[PDB]
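K.L.:
Residues per chain are reported as follows:
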Amino acid sequence: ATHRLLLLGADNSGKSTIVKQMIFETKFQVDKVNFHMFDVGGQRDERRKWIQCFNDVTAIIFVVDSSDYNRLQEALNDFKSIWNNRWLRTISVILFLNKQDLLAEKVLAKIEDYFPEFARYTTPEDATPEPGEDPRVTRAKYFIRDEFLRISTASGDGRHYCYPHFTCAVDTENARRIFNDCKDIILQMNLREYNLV
Amino acid sequence: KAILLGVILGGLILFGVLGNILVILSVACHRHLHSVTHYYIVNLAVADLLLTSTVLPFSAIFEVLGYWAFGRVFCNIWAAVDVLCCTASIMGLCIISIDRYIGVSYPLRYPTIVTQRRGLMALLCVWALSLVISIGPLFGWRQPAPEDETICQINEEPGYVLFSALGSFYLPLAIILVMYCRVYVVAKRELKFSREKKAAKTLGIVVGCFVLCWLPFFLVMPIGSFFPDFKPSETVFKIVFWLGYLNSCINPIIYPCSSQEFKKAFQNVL
Amino acid sequence: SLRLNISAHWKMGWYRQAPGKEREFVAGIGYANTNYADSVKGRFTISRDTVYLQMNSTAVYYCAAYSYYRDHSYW
Ligand SMILES: [NH3+]C[C@H](O)c1ccc(O)c(O)c1
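So the sequence lines, in the order shown, correspond to chains B, A and D.
Residues 14 to 35, 51 to 137, 141 to 228 (the deposited numbering) are what the first sequence spells out, left to right.
Residues 25 to 214, 262 to 341 (the deposited numbering) are what the second sequence spells out, left to right.
Residues 17 to 20, 27 to 71, 76 to 83, 89 to 106 (the deposited numbering) are what the third sequence spells out, left to right.
Pulled out of the complex, with its shape left as it was, chain B reads as follows:
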């Protein structure tokens, strides 16, 4: 059983490194379920498969480096592009906020300089970091996640979801993330099909 993922990502944003966790198609498997992940380049030089891979996909893996604040607004522009597109507007998007370990070093040096309204946002409720976490680092990480969710909540449709995750550079537990999110996407489509939701 194949599942054609669509990895867009960004250039020099941990995407080629997170590929190596076994334009170029790749393949991997979890619990003898075979995902076939289509890379595309980063949505800056190769928009060729946007007609071809427009419908057969089951998810869209968008990975973004989170430490570099200077290259942050272009990522939000690309996420507003793909989230409110035409051909790929009914596909749920997995979001990988990569290089959180680099963000833990890039904070302690400010995120309020490149984006001015950071202090207006605070660390919200129903949030759980890892053990031994600085509150400013978690505030910055949840600030950019809340920015991506503000861009995500700008359709009002409920026809396609979005699943964010905080992954480090050399995390081994990342294929189970895509496994569980593809399971949830297919289960939501199955519940919509049987008129249960």
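One or more hints might be untrue.
What the hints assert, rightly or not - Below, simulated DSSO-like cross-link-like pairs (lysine-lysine); rule was C-alpha separation at most 30 Å, straight line:
| id | chain 1 | residue 1 | chain 2 | residue 2 |
| --- | --- | --- | --- | --- |
| 1 | B | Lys134 | B | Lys108 |
| 2 | B | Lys214 | A | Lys272 |
| 3 | B | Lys55 | B | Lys77 |
| 4 | B | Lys214 | B | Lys60 |
| 5 | A | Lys335 | A | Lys272 |
| 6 | A | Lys269 | B | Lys60 |
| 7 | B | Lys77 | B | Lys60 |
| 8 | A | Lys212 | B | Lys214 |
| 9 | A | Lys269 | A | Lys212 |
| 10 | A | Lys309 | B | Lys214 |
| 11 | A | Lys268 | A | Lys309 |
| 12 | B | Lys214 | B | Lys33 |
| 13 | B | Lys77 | B | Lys141 |
| 14 | A | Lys212 | A | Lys272 |
| 15 | A | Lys269 | B | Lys214 |
| 16 | A | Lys212 | A | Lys334 |
| 17 | A | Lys334 | A | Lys263 |
| 18 | A | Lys263 | A | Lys309 |
| 19 | B | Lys55 | B | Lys214 |
| 20 | A | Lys263 | B | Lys108 |
| 21 | B | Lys60 | B | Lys33 |
| 22 | A | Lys335 | B | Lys214 |
| 23 | B | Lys214 | B | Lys108 |
| 24 | B | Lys214 | A | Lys334 |
| 25 | A | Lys263 | B | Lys214 |
| 26 | D | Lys43 | D | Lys63 |
| 27 | A | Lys302 | A | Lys212 |
The set of hints was computed from the structure by calculation and includes no laboratory data.
Following the hints, put chains A and D with the ligand in place on chain B, whose structure we already have.
P.N.:
Showing chains A and D with the ligand alone in chain B's frame:
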């Protein structure tokens, strides 16, 4: 009072046969409607069609006239085809329930747990078990019946009716209720009022119509053939005997409207 | 020559048990119809209220009563 019951039975027969030919015709052209659950829906549709096209007009004529005007081989064909079609549609609902349970609790390993190597073996197993129950007392458990060419007795021989009731209703009723219990558990996201009430309305009908149709008959018949102190009248017996026929006219309404592409294909007729 | 439970929609018939032969249908009267056989089509009529035949001009008979759809009997 003969033509009035005849015209309401003809209306119910015509509505049921038109619904089942529409359900079986809406799949025969679309190549997208070729999965295993569509097979399990057209199997229920062809069982309800085989019941409603042949067995229902003869029982309607038998209720209007009051006597089976045809022969005796016709009666022995009619009772066996009646039992065959009714328990074939019941076990079709049972395998639809099993398919939906292993469709909502293994969403990625579903095409590696349901294949045509074994999605058309459960179909032949329930059709063969239906034919075992129907052609059971054609040699096995038939009591000696009177030799009229006018009456047509049902096969109310005890010992056979208990086995048939158990392994034709009460095991598929248990299977349908526990698998739809799991489907209702998973479909509660597992603001939430619209998530719970949207499932408790669309599973409530698909168990309520089946129980309300078949549980009167399959409760009256073995309790009356084993405990003859109840002794139900002729009117309540005809009511519970005809609710089971009403189920095969209800099933065109529910089960294509419990999908998305089936409802579009059925609404494409007008 | 010789003439020879209670419900409403129950049919009542008469059979002839011959020597060695099986139970052949002879006559029957019900609330919905009244059926006969070819052997006694003219030589024997029926009568119902008790239920008895009436023959004019093969020696053992059985008066039976039964239903039309449910598997009951009263011999
Ligand atoms: N109308 C139901 C049909 O006559 C039927 C179904 C299952 C039975 O065991 C039976 O005796 C009769």
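K.L.:
For every hint, state whether the structure bears it out.
P.N.:
Hints, verified against the model:
no.	hint	verdict
1	B:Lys134 - B:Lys108	holds (25 Å)
2	B:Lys214 - A:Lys272	holds (25 Å)
3	B:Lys55 - B:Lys77	holds (18 Å)
4	B:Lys214 - B:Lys60	holds (14 Å)
5	A:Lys335 - A:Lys272	holds (21 Å)
6	A:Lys269 - B:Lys60	violated (34 Å)
7	B:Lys77 - B:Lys60	holds (27 Å)
8	A:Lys212 - B:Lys214	holds (16 Å)
9	A:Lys269 - A:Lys212	holds (9 Å)
10	A:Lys309 - B:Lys214	violated (49 Å)
11	A:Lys268 - A:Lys309	violated (36 Å)
12	B:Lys214 - B:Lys33	holds (22 Å)
13	B:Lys77 - B:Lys141	violated (38 Å)
14	A:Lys212 - A:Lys272	holds (12 Å)
15	A:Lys269 - B:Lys214	holds (21 Å)
16	A:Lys212 - A:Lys334	holds (24 Å)
17	A:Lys334 - A:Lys263	holds (26 Å)
18	A:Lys263 - A:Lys309	violated (44 Å)
19	B:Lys55 - B:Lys214	holds (17 Å)
20	A:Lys263 - B:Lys108	holds (28 Å)
21	B:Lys60 - B:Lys33	holds (19 Å)
22	A:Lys335 - B:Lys214	holds (26 Å)
23	B:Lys214 - B:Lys108	holds (25 Å)
24	B:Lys214 - A:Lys334	holds (26 Å)
25	A:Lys263 - B:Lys214	holds (21 Å)
26	D:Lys43 - D:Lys63	holds (20 Å)
27	A:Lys302 - A:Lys212	violated (45 Å)
Violated hints, in rising order: 6, 10, 11, 13, 18, 27; the structure is consistent with all others.
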